[PDB]
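As you look at this complex, bear in mind that one protein chain is not there, while each of the others sits in place.
Lettered A, B, C, D and E in written order, each chain numbered from 1.
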Amino acid sequence: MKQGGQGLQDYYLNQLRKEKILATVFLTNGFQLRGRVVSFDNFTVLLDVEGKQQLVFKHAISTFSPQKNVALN
Amino acid sequence: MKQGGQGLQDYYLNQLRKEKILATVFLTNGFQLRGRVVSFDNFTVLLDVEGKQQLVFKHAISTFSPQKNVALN
Amino acid sequence: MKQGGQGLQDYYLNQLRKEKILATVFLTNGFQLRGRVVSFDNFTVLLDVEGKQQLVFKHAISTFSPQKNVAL
Amino acid sequence: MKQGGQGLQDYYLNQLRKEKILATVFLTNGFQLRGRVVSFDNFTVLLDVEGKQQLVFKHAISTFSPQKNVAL
Amino acid sequence: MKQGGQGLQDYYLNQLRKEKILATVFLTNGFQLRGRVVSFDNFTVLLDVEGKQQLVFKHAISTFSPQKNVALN
Partner (left out) sequence: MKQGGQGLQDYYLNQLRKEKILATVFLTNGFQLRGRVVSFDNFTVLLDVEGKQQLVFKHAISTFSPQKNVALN
């Protein structure tokens, strides 16, 4: 029921997506977006930032920092 | 069909290309490009910048920030 | 029971997680977080920084620096 | 005759190479080279900059910007 | 035996570890560490820095600069 090795990632981002939890996404270049997850695959995260879409490549992402903790397993 | 975990990225860039949406492409090094997606594969995105082609590697791309939102399913 | 080639990484992070060792996580951009390891996979590490969760991509991590050494 | 997923990249670099199009190659660290494509594989591009060879890693390349557009 | 195209890296770090050679590890972000290789896998290198362990990801390492040369075959 998952791809081996990315259970934390897929579960976590999927919880952020379902609940639409606001999060600060720190990028590797040090820039940052404060928005919500619309969608994601293995390489990209589609983000809702103040009503505007932002397609962010995962390799550019440093950290997801949610405003509310996600329930774990 | 041929897919894997990259439905989101492919669909999205394909929508930007087909709808000729103007997008700002923020690269990880800080540089930016305003243009349109002519084409793309798994590693590169061909952009149209004022009639001038620009071949951009996806590993160097941070975010795609479109002028208009893409209709998702 | 084991993916070859990542025994050091997996064992080491699993120990910091079980032993609740406080660690400074240096990111490749010079940012750093001081917290504990809650979970991890092949790409991400979930961190506990003063009560708040921090999902960190491993490709962005530069160094784990624990407060207490891990037994090997 | 074709590795799926890299048709744009391979075709495009092959055209710059055959047509000897002068191109500015932006590297991810802000460096740039102005020369022509001699050869390439899945990881490297061999460049001709004013008579001198420059073996450039593709993971370090940010953008190819040709003097003349490639026909698609 | 288990190998692939990584004979050079494995042999070398293994020689540094077995011979307890002091090496400066330059990371891509500019930071440096003087210490010894305790252990390593395909992605990480465990270092000893003044009795303090430091888990370093190989993708963030630029160069290993040893205090003494390693005998190669």
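The rule is short, and it goes like this: a contact is a pair of C-beta atoms (placed from the backbone, for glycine too) under 8 Å apart; a residue touches a chain by one contact, two chains touch by 3 or more.
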Missing chain: touched chains present in the view: D, E
Options D:12, D:40 or D:64, residue touching the unrepresented chain: D:40
Positions on chain D where the hidden chain makes contact: 3, 27-29, 31, 33, 38-44, 46, 52-57, 59-60
Chain E, residues in touch with the chain not shown (by the definition above): 4-9, 12-13, 26, 28-30, 58-59, 61-66, 69-70, 72
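Quick note on the criterion: only the chains that are shown with their structure count from here on.
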Distance from chain D to chain C - Cα centre to Cα centre, in angstrom: 38
Centre distance in Å when chain B and chain C are each reduced to the mean of their C-alpha atoms: 33
Where chain C touches two or more other chains at once, by residue number: 28-29, 59
In contact (per the touch rule at the top): chain pairs: A-B, A-C, B-D, C-E
